[PDB]
Amino acid sequence: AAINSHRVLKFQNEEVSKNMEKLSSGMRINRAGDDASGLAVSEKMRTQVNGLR
Amino acid sequence: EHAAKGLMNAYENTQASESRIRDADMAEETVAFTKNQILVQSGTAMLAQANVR
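Chains FR and EW, in that order, give the protein sequences.
All letters in the first sequence, in the order written, are residues 8 to 60 by PDB author numbering.
All letters in the second sequence, in the order written, are residues 220 to 272 by PDB author numbering.
One or more of the hints may lead you astray.
Chain FR is faced by these chain EW residues, among others (derived, beta-carbon under 10 Å) [to be verified]:
#	residue
1	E220
2	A223
3	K224
4	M227
5	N228
6	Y230
7	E231
8	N232
9	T233
10	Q234
11	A235
12	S236
13	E237
14	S238
15	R239
Hints listed in this document are in silico derivations from the structure and should not be mistaken for laboratory results.
Backbone N, C-alpha and C fix where the C-beta goes; we use that ideal spot for every residue, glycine too.
Construct the complete structure from the given sequences, taking the supplied hints into account.
Okay, structure coming up:
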């Protein structure tokens, strides 16, 4: 059978993909899937930043 | 995506299972052919001599 790595190879293609998702936006969190709570809080912070301005 | 990794591991292992359950090592089965072919050939020639008896 193909060795385990055809698991890894898809995963590493995915880890490369995930790295790009984060990097292009400049963020650790691009989606809730990176951090569900970091996201919800930053969305609140955004209303605070804009409302405050 | 985590679920997919789980499924992919089971997939590789299941395919390895099919191979090990059904697929023979061609090298050794080929050895069997050679032994059996020789015995066929030995049969053929000696029956020609058996006819002489």
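Tested hints:
For EW/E220, the interface hint holds, since its Cβ comes within 10 Å of a Cβ in chain FR; the closest pair sits about 7 Å apart. Of the supplied interface hints, the one on EW/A223 holds, with its beta-carbon coming within about 8 Å of a beta-carbon of chain FR, less than 10 Å. For EW/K224, the suggested interface contact is upheld, since its CB lies about 7 Å from the closest CB of chain FR, less than 10 Å. Because the closest C-beta pair between EW/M227 and chain FR is about 5 Å apart, less than 10 Å, the hint holds.
The beta carbon of EW/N228 comes within 6 Å of a beta carbon in chain FR, closer than 10 Å, and the hint placing it at the interface holds. For EW/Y230, the suggested interface contact is upheld, since its CB lies about 9 Å from the closest CB of chain FR, less than 10 Å. A hinted interface residue such as EW/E231 counts as satisfied when its beta carbon comes closer than 10 Å to some beta carbon of chain FR; here the least separation is about 6 Å, so the hint holds. Interface restraint check for EW/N232: the shortest CB-CB distance to chain FR comes to about 8 Å, inside 10 Å, so the restraint holds.
Among the interface hints, the one on EW/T233 holds; its C-beta lies about 9 Å from the nearest C-beta in chain FR, closer than the 10 Å criterion. Among the interface hints, the one on EW/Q234 holds; its C-beta lies about 5 Å from the nearest C-beta in chain FR, closer than the 10 Å criterion. Among the interface hints, the one on EW/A235 holds; its C-beta lies about 4 Å from the nearest C-beta in chain FR, closer than the 10 Å criterion. A distance limit of 10 Å between C-beta atoms decides the matter here; for EW/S236 the minimum to chain FR is near 9 Å, and the interface restraint holds.
Residue-level restraint check for EW/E237 holds (minimum Cβ-Cβ distance to chain FR is 9 Å; threshold 10 Å). Hint status for EW/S238: holds, given a least beta-carbon distance of 6 Å to chain FR, under 10 Å. At its closest, the beta carbon of EW/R239 sits 9 Å from a beta carbon of chain FR; the interface hint therefore holds under the 10 Å criterion.
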